[PDB]
Amino acid sequence: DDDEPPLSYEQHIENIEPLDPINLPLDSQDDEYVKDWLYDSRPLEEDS
Amino acid sequence: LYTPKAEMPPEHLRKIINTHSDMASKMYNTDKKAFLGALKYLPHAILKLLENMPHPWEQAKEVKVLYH
Amino acid sequence: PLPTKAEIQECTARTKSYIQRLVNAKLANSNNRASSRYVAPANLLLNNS
Amino acid sequence: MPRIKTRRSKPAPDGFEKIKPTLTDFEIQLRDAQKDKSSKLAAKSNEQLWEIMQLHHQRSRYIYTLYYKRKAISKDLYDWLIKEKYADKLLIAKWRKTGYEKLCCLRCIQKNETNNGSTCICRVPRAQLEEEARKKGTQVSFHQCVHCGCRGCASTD
Amino acid sequence: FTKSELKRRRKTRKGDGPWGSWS
Amino acid sequence: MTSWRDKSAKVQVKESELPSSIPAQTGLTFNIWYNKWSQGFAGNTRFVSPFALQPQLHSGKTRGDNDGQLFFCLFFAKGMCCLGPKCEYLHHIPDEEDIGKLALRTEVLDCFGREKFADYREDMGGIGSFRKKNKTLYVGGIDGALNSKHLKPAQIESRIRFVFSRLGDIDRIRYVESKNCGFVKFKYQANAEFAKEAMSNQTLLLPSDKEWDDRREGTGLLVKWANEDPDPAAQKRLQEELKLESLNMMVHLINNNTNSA
Amino acid sequence: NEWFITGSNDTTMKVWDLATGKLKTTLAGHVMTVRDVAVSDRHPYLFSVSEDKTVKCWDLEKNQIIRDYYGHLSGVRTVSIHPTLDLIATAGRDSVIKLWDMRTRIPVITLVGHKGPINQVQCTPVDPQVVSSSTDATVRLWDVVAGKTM
Amino acid sequence: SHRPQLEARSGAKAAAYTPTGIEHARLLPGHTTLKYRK
Amino acid sequence: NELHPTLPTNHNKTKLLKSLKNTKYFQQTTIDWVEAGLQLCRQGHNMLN
RNA sequence: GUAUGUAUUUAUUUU
RNA sequence: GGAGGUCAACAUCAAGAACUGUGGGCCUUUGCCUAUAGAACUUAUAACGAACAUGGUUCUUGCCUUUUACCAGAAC
Ligand SMILES: [Zn+2]
Ligand SMILES: [Zn+2]
Ligand SMILES: [Zn+2]
Ligand SMILES: [Zn+2]
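Residue numbers (the authors' numbering), protein chains in the order written: chain X, 243 to 290; chain E, 127 to 194; chain B, 56 to 94, 100 to 109; chain G, 1 to 157; chain A, 51 to 73; chain W, 1 to 261; chain S, 152 to 301; chain P, 4 to 41; chain D, 532 to 580.
No lab work stands behind these hints, which were simulated from the structure alone.
From the three backbone atoms N, C-alpha and C, an ideal C-beta is built for every residue, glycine too.
Each hint should be verified, as a subset may be incorrect.
[What the hints assert, rightly or not] Here are some of the chain G residues that sit facing chain E, going by a computed Cβ distance under 7 angstroms: (1) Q34; (2) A42; (3) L106.
Please build the complete structure, drawing on both the sequences and the hints.
Right, dumping it as structure tokens:
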């Protein structure tokens with residue numbers, strides 16, 4: 243609602259901790275190659 | 127010459143905004159004009175904000191902001 | 056005499072240069088961030109003292 | 001990367017606890033000096049900045065002296081820190097370079113920012129501004145590098 | 051100037067480096 | 001010497017106590033760009049200072065002195081400057097010698113580092129005018145004694161003299177009983193300005209007398225520049241002054257001139 | 152030398168054929184009457200100007216409009232094409248003689264002048280480069296670079 | 004008070020003025036380069 | 532969208548930021564998204580006011 | 001039913 | 001010296017199916033002919049982006065009190 247000036251970041255939100263996203267079960271058998279990195283923010287910032 | 131940019135702590139940013147938020151004084155009559163200036167550049171920022179959305183699977187995203 | 060050849064390529068010169076300095080100015084006044092694409101020690105003061 | 005703990009973030013290395021309090025005391029104080037203390041005077045508000053930069057500077061000197069100087073942690077602790085944005089890779093990469101060993105910041109070396117020239121008076125050793133204090137006689141009129149508050153940043157002073 | 055002169059000389063500044071106030 | 005030149009100057013007000021910003025309640029809502037109030041009309045805001053300087057008590061040595069600044073701290077000239085000896089702009093009464101320094105530049109700009117305009121202002125307002133020297137102050141709204149009438153207009157006189165007297169050198173003080181004003185006159189344009197920006201909006205008598213408690217709600221005495229003086233006497237006097245002065249400076253022009261021959 | 156170009160007071164511009172006398176084409180496209188026409192030598196252009204306060208460049212290659220030059224306070228009684236520099240010169244009831252730069256449509260120079268409407272502007276290759284005559288009954292002779300009447 | 008004009012505004016009265024800085028629409032660069040005849 | 536192409540603008544080569552980021556007055560640092568969401572909310576606000 | 005316009009001096013400018 | 005950089009500056013990217021340097025002959029520098037060397041990037045259901053927006057002028061329409069704002073096609 244409009245009466246409610248948005249609460250700043252340093253105080254309210256930084257302590258709250260994320261409450262997990264989608265992802266998906268995947269597997270240890272089918273997906274074994276891809277299960278490691280597939281969910282990184284950006285999949286590989288580094289793989290040589 | 128050309129050294130690269132010098133990255134700085136995130137606080138310096140949060141302090142900045144957390145001050146210039148309150149403006150009544152004389153000492154901001156520069157920054158006040160400054161504000162009207164960036165009003166031309168804002169729409170850009172929206173775009174450069176709103177293509178960075180964290181996407182369903184990421185929890186918390188970290189970006190590089192360039193701030194005034 | 057009709058104004059030759061080795062002449063008209065002077066008036067043409069001093070104008071053409073002077074104009075390009077005009078236009079170069081008036082574009083570089085204003086506020087197109089994209090107009091820039093289309094385009100000194102100078103002080104001895106007193107004696108230079 | 002992210003300062004925030006979250007699930008992506010590779011959980012802690014080991015000796016972490018032994019330093020963990022020293023870290024957290026800096027940390028609270030950042031939350032302390034971001035707290036929006038108003039002032040009518042520009043000289044202040046710029047001071048206010050000079051805090052956050054001071055603290056930040058100490059934390060990095062600290063992790064730094066641990067790892068390189070006395071070698072009081074192990075490379076994977078260190079590298080985990082730096083990955084978590086606890087301290088500047090860069091700045092410390094200056095403190096590895098020869099002269100800079102005491103350097104302020106990353107602004108105070110910038111050649112390209114300053115009007116002319118370079119390198120805030122922040123850098124010059126006292127032993128010279130004292131020399132203009134000698135010949136000209138005004139003493140030496142500098143106190144705080146507008147970015148920081150450095151005084152005698154160069155590693156002799 | 052000399053190294054000894056500088057090393058002795060600095061501790062004069064109030065607070066280590068480099069934010070320590072000369073004078 | 002032992003007074004100002006000796007011990008370092010002091011704070012007056014702690015930045016905490018420093019006055020409230022956002023001038024208060026002439027109207028409905030508070031405009032952000034300008035600092036004012038928005039709508040309606042009430043009688044204008046002006047008020048006595050809560051503050052004043054204390055000419056020999058607080059003045060002292062400061063930072064601009066050690067490092068050689070010029071213009072005088074005006075929030076010192078109100079004794080309101082919260083920076084103590086830290087303040088760059090100088091804290092103290094102008095001596096003659098400092099004016100020895102500024103006087104190079106006082107053609108254009110004040111002792112406070114502000115750039116005099118040309119045309120004065122509708123009312124003879126607050127900053128100087130470079131087309132002219134004026135050392136001479138109108139002083140009006142003397143009702144900043146509040147309304148207690150002090151048993152002689154020569155108590156007005158003693159009081160104006162007593163206050164403005166402190167700041168430095170003085171020529172004269174002519175009160176006017178017919179119309180309420182003082183008209184005062186000094187030596188140095190420097191001093192003049194300094195007194196001016198100091199003594200706006202003030203109240204009067206002892207560390208206490210009579211209504212002293214409530215002194216703080218008074219209007220405060222306007223201090224503004226003075227026009228010409230219509231009598232013959234002072235006027236002939238003026239053209240005299242200028243006259244003798246040209247009489248001196250001709251010696252300069254024959255010195256450099258004659259040398260250049 | 153095959154073709155006229157003919158202004159008109161119905162605001163058309165028809166291009167006749169010199170030899171035969173038949174009608175090649177119609178270039179229409181003005182609001183108010185066309186007072187004036189000039190045809191480039193070096194360029195395949197046609198600067199035609201009318202009284203709506205507009206210098207409308209043309210391009211012949213496709214028979215279409217290109218650039219609207221703009222900025223007179225009022226209607227424009229004469230165009231002419233500086234011969235060697237690639238510049239239009241125009242003027243009209245404002246009593247000023249403008250030098251339009253051709254490609255970027257800046258009125259680079261505004262020539263001051265007479266007390267009246269300006270009936271004809273003539274551009275010449277060497278000095279004085281613009282020659283112009285005004286219902287206050289004179290003929291100025293102009294030096295553009297210095298910027299004023301010679 | 005309707006008067007037939009007898010005149011027009013001399014360009015000069017304009018000419019002395021200082022500029023503006025507003026940017027209009029139709030001035031955005033287009034047809035940026037000319038064409039020449041053989 | 533495919534019947535009328537563009538074939539864009541060689542020389543676009545100065546992006547906004549590059550041109551802008553070089554000045555004294557901007558600084559670069561890193562930070563949580565939603566946070567920058569918020570600062571941009573205070574921003575857009577104080578501007579329009 | 002209205003736009004529009006006008007004045008709103010309080011704090012003593014030297015004989 | 002090697003590896004990297006969500007670093008910078010400066011070149012170049014729509015054309016005879018297309019670039020450049022050089023040796024030699026002719027005309028008189030251009031230009032034509034001959035010989036020779038080298039050609040990253042991008043092109044054939046044609047192109048720098050197996051992506052997809054906005055603006056201006058000009059005509060044709062469509063809503064239709066008039067203008068911004070517009071409806072849907074074309075050319076530049
Ligand atoms: Zn520093
Ligand atoms: Zn510095
Ligand atoms: Zn330093
Ligand atoms: Zn002060």
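Results of checking the hints against the structure:
1. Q34: Cβ of G:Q34 sits 5 angstroms from chain E, so the hint holds.
2. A42: Interface hint status for G:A42: holds (5 angstroms vs cutoff 7 angstroms).
3. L106: Interface hint status for G:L106: holds (3 angstroms vs cutoff 7 angstroms).
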